[PDB]
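All protein chains but one are shown in place.
Should a chain be cited, it is by its letter among A and B, assigned in written order, with residues numbered from 1 in that chain.
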Amino acid sequence: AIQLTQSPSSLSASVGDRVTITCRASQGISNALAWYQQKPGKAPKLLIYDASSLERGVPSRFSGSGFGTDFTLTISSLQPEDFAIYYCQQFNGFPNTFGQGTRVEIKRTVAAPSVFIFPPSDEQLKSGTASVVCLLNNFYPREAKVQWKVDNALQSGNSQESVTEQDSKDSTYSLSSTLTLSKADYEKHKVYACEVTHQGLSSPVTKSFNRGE
Amino acid sequence: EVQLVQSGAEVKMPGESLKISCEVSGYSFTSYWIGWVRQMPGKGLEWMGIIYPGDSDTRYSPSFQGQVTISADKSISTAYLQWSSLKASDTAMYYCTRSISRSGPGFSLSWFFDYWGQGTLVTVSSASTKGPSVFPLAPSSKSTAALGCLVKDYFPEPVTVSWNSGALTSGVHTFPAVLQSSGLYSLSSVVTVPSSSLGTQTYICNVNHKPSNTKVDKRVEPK
Partner (left out) sequence: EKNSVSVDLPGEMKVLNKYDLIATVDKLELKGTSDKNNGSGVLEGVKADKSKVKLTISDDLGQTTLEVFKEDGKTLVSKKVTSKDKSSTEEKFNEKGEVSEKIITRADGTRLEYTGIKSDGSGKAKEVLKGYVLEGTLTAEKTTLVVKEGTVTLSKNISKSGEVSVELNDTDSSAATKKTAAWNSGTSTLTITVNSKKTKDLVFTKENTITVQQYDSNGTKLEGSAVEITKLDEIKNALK
């Protein structure tokens, strides 16, 4: 079919920057191009059709132009809710083809991780296993680090981390670090702590709790 | 009012058959084409085919010719996407899209898609489908208190998590699923609440895993 190549792959800009995204075709598709916006989760949404005409309800800050084989989608004044992935598609030559997309992130200030910790539920220990959870909420940038103190002796391999995508209100992130321990070993200790080191900090933060106190 | 509602998530084994539907409303169903778009896991967008319910004209993309059946039903305003036999490589999210026709020079036409469905996920594997867990994580000695629920050892993604059966979306964070060492996903959902509301207000999380038909609501329980 017709290959479509976008540029760039990822992108980061602050709230207010005029950001432009390109989409290059392999043939003359002069007017047949459409732009979609897939937000976190689901689902794709039509932004601009015929490469110039704007879809109803789409704000005026979104614009697009192009002709021949080079096309450009343009946001005028970036907004935090505009964080999404943007695809271009061709409908001049059968069959319809999509571009590989383009990631758009938002730049903001740093603070703060806002660490929280959670003990196991004691209903998990009816199954011989327990999970400890350390919560980091509404921080920036995405980079962070978490360690799991156990009797002031870190524990290995039993951790798993997951990060939310960039928030649509304040462009922040959130991370969950889960420590999976067995009940036979969870009771061989008293202090379980979570040492957090984020760029927005001034010193490592350690939220802890004594086992059943 | 233009809405495209799709069917629910599916779990199938390699070789089984499956037909998913797209219930339509809001406009003249007989006037617009209805397409189908595939999205491989975390990958690009693949257009599968299209149908015009005015005469049931199926235009199949060559990448899926003889691989999937696309039908429509003008009597009930509903389109369908049907498989003869599922393969393990067919695991993806599928969209039904209302299409706008454009006469591409020449001798043919193509479409762009203005209104999209919510998406139907089809997971194809020969492993056991296990329901989620129940465990809550309790708030204690917080800064605005924080609490949430834990969803351990389920298969297959995705699981929808609500709080107070809706009407709670201020500080709700639902983490993406992480596949553990054991072949079962696990995720957590958390909310940030005013610390002075614990006790005077009850918080429940409404988990839902339609693949295994499991659905559980549990309360925090801050102690």
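As a working rule, a residue touches a chain if its C-beta (ideal position, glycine included) is under 8 Å from a C-beta of that chain, and two chains touch if they have at least 3 such contacts.
Asker: Which listed residue (B:29, B:33 or B:80) would be found touching the missing chain in the intact complex?
Answerer: B:33
Asker: Using the touch definition up top, pick the residue from B:109, B:168 or B:204 that touches the left-out chain.
Answerer: Considering all chains, including the one not shown, the answer is B:109.
Asker: Among B:48, B:96, B:100 or B:121, choose the residue that contacts the chain missing from this document, as touch is defined above.
Answerer: B:100
Asker: Out of A:12, A:27 or A:53, which touches the unshown chain?
Answerer: Within the whole complex, the residue contacting the unshown chain is A:53.
Asker: Quick one: which of B:44, B:54 or B:222 touches the chain that's been left out?
Answerer: That would be B:54, which touches the missing chain.
Asker: On subunit A, where is the contact patch with the chain that was removed from view?
Answerer: Interface with the chain not displayed, on the subunit A side: 49, 52-53, 56.
Asker: Since one chain isn't shown, list which residues of subunit B touch it in the complete complex.
Answerer: On the subunit B side, contact with the omitted chain comes from 31-33, 52, 54, 57, 100-103, 106-107, 109, 111, 114.
Everything below uses one rule, namely that only the chains that are shown with their structure count from here on.
Asker: Compute the distance, rounded to whole Å, between the mean C-alpha positions of subunit A and subunit B.
Answerer: 19
Asker: In the complex formed with subunit A, which residues of subunit B make contact?
Answerer: 37, 44-47, 61-63, 93, 95, 100, 102, 104-105, 108-119, 134-138, 140-143, 146, 148, 150, 152, 173-178, 180, 186-188, 190, 192
Asker: Inside the complex, what are the residues of subunit A that reach subunit B?
Answerer: 32, 34, 36, 42-46, 49, 55, 87, 89-101, 114, 116, 118-121, 123-124, 131, 133, 135, 137, 160-164, 174, 176, 178, 180, 209
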